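Below are the chains, spelled out letter by letter.
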Amino acid sequence: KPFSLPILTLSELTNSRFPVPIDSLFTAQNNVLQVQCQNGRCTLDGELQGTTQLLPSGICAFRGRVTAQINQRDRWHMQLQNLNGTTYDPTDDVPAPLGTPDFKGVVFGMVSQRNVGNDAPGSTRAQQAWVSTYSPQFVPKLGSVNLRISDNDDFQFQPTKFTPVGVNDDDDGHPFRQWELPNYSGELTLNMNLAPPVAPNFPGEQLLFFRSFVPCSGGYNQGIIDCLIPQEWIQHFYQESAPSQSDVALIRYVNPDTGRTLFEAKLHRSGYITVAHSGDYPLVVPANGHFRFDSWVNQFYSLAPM
Amino acid sequence: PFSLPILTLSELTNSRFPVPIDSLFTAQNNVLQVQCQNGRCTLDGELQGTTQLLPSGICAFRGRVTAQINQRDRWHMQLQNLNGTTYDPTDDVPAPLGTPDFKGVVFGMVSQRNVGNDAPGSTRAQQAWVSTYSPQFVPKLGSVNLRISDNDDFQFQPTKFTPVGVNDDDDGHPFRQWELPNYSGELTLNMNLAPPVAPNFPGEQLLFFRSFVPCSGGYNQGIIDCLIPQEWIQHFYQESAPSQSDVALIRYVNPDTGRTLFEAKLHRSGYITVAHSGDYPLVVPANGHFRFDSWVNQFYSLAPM
Ligand SMILES: CC(=O)N[C@H]1[C@@H](O[C@H]2[C@@H](O)[C@@H](CO)O[C@H](O)[C@@H]2O[C@@H]2O[C@@H](C)[C@@H](O)[C@@H](O)[C@@H]2O)O[C@H](CO)[C@H](O)[C@@H]1O
Ligand SMILES: CC(=O)N[C@H]1[C@@H](O[C@H]2[C@@H](O)[C@@H](CO)O[C@H](O)[C@@H]2O[C@@H]2O[C@@H](C)[C@@H](O)[C@@H](O)[C@@H]2O)O[C@H](CO)[C@H](O)[C@@H]1O
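Just so you know, the protein sequences line up as chains G and Z, in that order.
The numbers in the first sequence follow our numbering, run straight up by one, and end at 306.
The numbers in the second sequence follow our numbering, run straight up by one, and end at 305.
Derived from the structure by calculation, the hints contain no laboratory data.
Hints are supplied without guarantee of correctness; some may be wrong.
Stated by the list, open to error - Selected chain Z positions facing chain G (Cβ under 7 Å, derived; list incomplete):
(1) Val19
(2) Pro20
(3) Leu53
(4) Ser56
(5) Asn83
(6) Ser122
(7) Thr123
(8) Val164
(9) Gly165
(10) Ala198
(11) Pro202
(12) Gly203
(13) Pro214
(14) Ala241
To be verified - Sample of chain G residues lacking proximity to chain Z, with all beta carbon distances greater than 10 Å (derived):
(15) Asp170
(16) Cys216
(17) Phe300
The beta-carbon is built from N, C-alpha and C at its ideal position, and this holds for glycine as well.
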């Protein structure tokens with residue numbers, strides 16, 4: 001019934017857009033470029049949106065069966081299941097199977113197989129793999145993605161899991177763009193059932209992000225993945241399902257030792273945070289700090305500058 | 001009031017390896033001691049052993065590679081706490097939090113991102129393995145050694161190990177989920193361990209949340225059993241509800257039909273027992289989950305599961 005947040009420091013939080021811990025808080029200058037991530041989307045009354053599911057280990061993961069190979073760089077055709085192993089239904093009201101990556105780039109990690117049926121049941125293998133979300137075969141909404149793997153001679157048409165490790169630019173100039181959605185149904189097709197874009201409306205306000213610097217596999221990319229709210233908050237809201245009393249929950253970032261409030265922010269009903277600030281700024285805050293719910297306010301509440 | 005999160009098996013994460021729970025399993029009582037160090041937490045929210053809060057910290061390492069040796073476990077990784085803070089070997093823990101708690105090989109990837117003067121911001125990643133049998137697996141002392149696939153592209157720089165799965169080693173060191181590694185040297189006892197767990201009521205057995213994790217070759221089933229799932233640990237940590245007795249009676253319910261399917265003892269120190277005899281993979285509806293019933297005590301007589 002009453003709304004609340006879990007009590008967790010930054011290093012006790014997991015990025016909802018990639019399965020790594022949160023490193024820092026960041027507020028971004030408002031730009032023409034649209035924020036419309038599909039992972040890490042959840043209302044304050046606990047409605048998961050976009051491709052959001054509950055498990056950190058589901059974020060940017062795939063599960064399915066490899067069924068074919070093609071003579072293209074994205075060689076191995078992986079027919080997808082839901083992450084829990086149930087049959088994926090392409091007519092479901094989602095942009096893609098839950099956990100699908102929500103950015104343009106290459107996700108690198110490992111694939112693992114475990115055979116079932118007649119052909120060496122129980123036999124296993126694992127190796128490095130990449131998934132390009134630029135690929136014309138990246139069609140997860142339709143029910144498949146194609147994989148690039150390091151050893152084409154040790155891979156079978158068997159149950160397969162992709163475990164993500166990090167991200168990068170592709171090596172042919174297709175850059176890692178965290179705010180550009182992939183085409184979940186491929187070239188010439190438009191995305192559907194998307195979680196809506198988010199932006200501050202109030203003047204002087206900017207989005208606040210929970211920022212992670214994820215692993216990269218070569219070159220100098222910083223590996224920045226920003227999420228709106230951390231996975232643990234999504235998990236908490238899902239459990240609680242506290243009805244939202246207004247469009248905005250006022251929240252305070254507190255220092256629990258000294259008891260002082262360091263700044264305040266607007267946590268919007270649809271599950272994102274704004275602050276009163278101008279310019280890009282990595283926040284300077286004590287390590288023990290965390291947000292607490294203060295009160296229900298509205299869109300036009302005037303935040304103390306941060 | 002004490003409570004459990006409301007989560008189906010496929011909405012739960014193994015607290016001993018970063019994968020979802022596949023099933024429930026009760027095991028015949030054996031001479032072999034159950035004393036896992038990850039996935040350990042009291043019902044009042046006290047994390048124990050090497051347990052920390054993040055699924056992505058389980059069997060992960062963070063640190064700096066500082067040297068290489070002419071051994072199979074070639075690359076010496078000096079460890080930090082998973083949040084990047086300095087590891088203190090005199091801390092009252094068995095090892096840095098998240099360290100693997102079994103004998104075997106963990107396979108995954110290492111990634112580096114340079115800092116300081118030498119090409120700061122440059123990165124690289126590749127396949128790597130950590131053997132917990134290794135004489136250089138001394139995480140309590142502050143280091144582990146890594147085997148990697150490409151010895152020519154690896155620097156003395158900040159390094160993260162991301163686990164993907166487990167296996168037997170290739171040479172007579174099998175994956176043994178219930179054998180603790182030596183967190184310090186070969187002749188040094190482990191310390192600050194979370195205690196062993198066993199049923200002590202007659203007719204009772206441990207109940208496990210079971211996952212079949214990825215393996216990298218051969219036929220190993222990849223079984224990792226945890227006492228309580230990561231989400232319960234996270235929940236107890238938040239709640240810190242005072243425990244009113246040594247045992248919380250819990251019921252596995254079907255939420256659609258409202259029926260209770262069986263009951264179990266959730267002990268204060270954070271493990272579950274059931275009245276059953278023999279190894280048994282439970283067969284239970286997919287929508288099912290545990291709910292807290294009431295505080296009881298050690299002598300409570302469970303309905304047979
Ligand atoms: C295919 C190949 O030659 N791999 C080498 C190579 O990798 C380079 C190379 O791909 C260039 C191309 O523009 O981009 C990088 O420099 C890449 O190296 C990676 O990124 C640099 C900054 C380093 O961090 C490096 O360790 C990393 O691998 O050269 C490197 C050696 O520098 C490796 O030897 C690759 O195997
Ligand atoms: C050629 C090479 O160096 N490695 C192959 C090799 O890998 C085998 C091998 O290490 C044997 C040891 O005698 O143990 C395994 O069988 C291993 O293969 C792995 O496990 C089997 C059951 C298969 O599932 C297999 O796909 C998996 O790689 O053989 C395999 C091919 O059979 C690979 O080609 C390796 O690269």
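To see whether the hints hold, each was checked on the structure:
1. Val19: It holds, given that the least Cβ distance between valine 19 of chain Z and chain G is near 6 Å, below 7 Å.
2. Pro20: Interface hint status for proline 20 of chain Z: holds (6 Å vs cutoff 7 Å).
3. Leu53: Holds - the Cβ of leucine 53 of chain Z comes within 7 Å of chain G, reaching about 5 Å at its closest.
4. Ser56: Since the shortest Cβ distance to chain G is 5 Å, the answer is holds.
5. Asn83: With Cβ-Cβ at 4 Å, under 7 Å, it holds.
6. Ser122: Result: holds, 6 Å to nearest chain G Cβ.
7. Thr123: This interface hint holds because 4 Å falls under the 7 Å limit.
8. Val164: With a closest approach of 5 Å, the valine 164 of chain Z hint holds.
9. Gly165: holds (6 Å)
10. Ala198: This interface hint is violated because 30 Å lies over the 7 Å limit.
11. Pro202: violated (36 Å)
12. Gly203: Result: violated, 33 Å to nearest chain G Cβ.
13. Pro214: holds (4 Å)
14. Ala241: violated (14 Å)
15. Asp170: holds (15 Å)
16. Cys216: violated (4 Å)
17. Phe300: holds (33 Å)
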